[PDB]
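The chain that follows stands alone, in the form deposited without its partner chain, written as structure tokens.
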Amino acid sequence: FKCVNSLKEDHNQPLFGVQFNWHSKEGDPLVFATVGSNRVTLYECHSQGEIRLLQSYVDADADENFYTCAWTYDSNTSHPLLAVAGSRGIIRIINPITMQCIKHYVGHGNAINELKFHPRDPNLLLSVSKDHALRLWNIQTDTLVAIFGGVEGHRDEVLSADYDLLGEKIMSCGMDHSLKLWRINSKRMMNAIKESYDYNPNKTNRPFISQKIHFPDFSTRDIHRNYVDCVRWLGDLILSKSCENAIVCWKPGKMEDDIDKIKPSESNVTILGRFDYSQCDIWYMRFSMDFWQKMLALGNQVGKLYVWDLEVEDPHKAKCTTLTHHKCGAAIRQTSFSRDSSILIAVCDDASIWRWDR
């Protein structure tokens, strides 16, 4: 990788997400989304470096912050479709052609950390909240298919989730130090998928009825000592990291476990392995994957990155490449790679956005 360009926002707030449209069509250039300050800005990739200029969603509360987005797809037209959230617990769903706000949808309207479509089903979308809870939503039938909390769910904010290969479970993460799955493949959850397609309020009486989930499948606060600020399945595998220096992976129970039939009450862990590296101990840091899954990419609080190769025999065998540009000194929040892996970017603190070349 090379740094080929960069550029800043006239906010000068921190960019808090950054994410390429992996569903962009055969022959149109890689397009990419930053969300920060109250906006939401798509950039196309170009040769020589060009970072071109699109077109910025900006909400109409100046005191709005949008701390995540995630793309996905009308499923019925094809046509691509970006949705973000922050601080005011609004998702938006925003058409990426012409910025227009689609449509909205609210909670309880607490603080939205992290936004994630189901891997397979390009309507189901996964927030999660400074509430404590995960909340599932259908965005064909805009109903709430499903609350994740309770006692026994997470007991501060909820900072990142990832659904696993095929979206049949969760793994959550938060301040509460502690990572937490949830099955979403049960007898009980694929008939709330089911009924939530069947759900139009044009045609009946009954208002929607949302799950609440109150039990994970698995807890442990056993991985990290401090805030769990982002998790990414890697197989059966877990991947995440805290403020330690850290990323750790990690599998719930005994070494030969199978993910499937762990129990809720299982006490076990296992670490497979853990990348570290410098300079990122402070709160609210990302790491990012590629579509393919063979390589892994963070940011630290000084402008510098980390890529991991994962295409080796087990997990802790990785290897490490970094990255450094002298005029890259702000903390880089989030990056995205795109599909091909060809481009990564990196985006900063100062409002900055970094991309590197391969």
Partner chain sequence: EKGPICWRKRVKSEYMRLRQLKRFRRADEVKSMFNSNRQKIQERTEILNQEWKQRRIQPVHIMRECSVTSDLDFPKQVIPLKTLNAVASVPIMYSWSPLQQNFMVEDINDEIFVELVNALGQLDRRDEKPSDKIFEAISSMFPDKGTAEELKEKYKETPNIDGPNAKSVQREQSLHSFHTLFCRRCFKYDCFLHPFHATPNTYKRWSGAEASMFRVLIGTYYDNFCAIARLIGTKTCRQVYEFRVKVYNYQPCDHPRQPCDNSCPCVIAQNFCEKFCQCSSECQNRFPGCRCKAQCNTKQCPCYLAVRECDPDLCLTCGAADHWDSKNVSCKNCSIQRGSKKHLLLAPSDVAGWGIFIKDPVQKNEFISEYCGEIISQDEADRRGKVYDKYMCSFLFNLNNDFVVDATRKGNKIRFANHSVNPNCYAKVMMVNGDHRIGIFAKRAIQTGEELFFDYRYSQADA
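Under this definition, the rigid core comprises the largest set of C-alpha atoms superposing within 1.5 Å between the forms. Residue numbers count along the first chain shown, from 1. What changes on going to the form solved in complex with its partner chain:
No residue in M175, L181, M99, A133 other than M99 shows a CA shift of 2 angstroms or more between these two forms after fitting the rigid core. Annotation: Cα of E313 displaced by at least 2 Å between these two forms, core superposition.
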The other form holds:
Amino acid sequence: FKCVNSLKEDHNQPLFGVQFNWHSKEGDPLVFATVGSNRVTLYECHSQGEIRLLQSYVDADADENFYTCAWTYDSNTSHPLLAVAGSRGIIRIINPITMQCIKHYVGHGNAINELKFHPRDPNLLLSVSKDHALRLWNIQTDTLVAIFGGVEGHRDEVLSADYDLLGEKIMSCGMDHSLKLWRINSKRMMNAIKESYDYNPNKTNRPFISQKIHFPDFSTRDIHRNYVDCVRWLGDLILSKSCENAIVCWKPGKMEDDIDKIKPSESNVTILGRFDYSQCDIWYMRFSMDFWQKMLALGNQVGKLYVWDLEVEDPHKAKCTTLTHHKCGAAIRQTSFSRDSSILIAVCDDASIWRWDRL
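Since the one above is the form deposited without its partner chain, can you give the form solved in complex with its partner chain too?
Chain only, nothing else included.
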């Protein structure tokens, strides 16, 4: 990796989210997107480090403050779509081929801290919030499929969540020290998804019936000792971080226990090892991987950007390189690999963008 450009947006506000569009055709340019302040900004990546400004939106409301976004598409139109949201607890679906805000969803009773689309159904949007709940939307039929929370959901702000590779289960993390598994291939859930596609308001006087899933298929407060602010699956293992300056690699149950047989009362976790790094003990600092999940990259409170190679075995001897640059001193809030891992964008507490290239 070599650093080969650095951009600064005019607003001087922290950039909390960055996300490459992993739906680009083979041959189309690598586009990524940025959120911060009350703006959403798209960029095309070119050769020799050139980063080309494509579009940018600003919320009519001045006190919006976008924390996250995610790319999906419209099956029946092949247009990319960008979902974004933040502290006003509102989701917008932006259609960049048309420059509209085409949908929006009011509902979460507080700030949305993350957004993730379903790996295989472009229309299912999961949103994580400061109201202590997840929420799974079906954006085609405009229906709220399910609220993940309640008597055994998160006792406090939910900071992050992630679908597994196939789209069968979600894991979530948040300020209560807890990570949680929510299956969505129960008969109940798949049934609620189907039912949600069928919902036609023009043919009834009854509001669609949203699943109140009060109970996680598994819970634990035993990996970290402080709010948990990023979590992503690595296979059927789980990677998660707090502020104790280490990404932890763990699985629910005992060592040989199978993720799909883990029972909602299992009380064992198995820690497979961790990745070490320093000076990242402020909250809300997220990591990521490739589409192929061979590379793991995490940025710093002082401008440092780590990249581990998940190809090895043990975390201890995990191949780690530390990308650095004299000019990058801002805390890195999030990173993103282009689908083909060729590029690595990091964004910062100071409006700055840093593009790294492989080879």
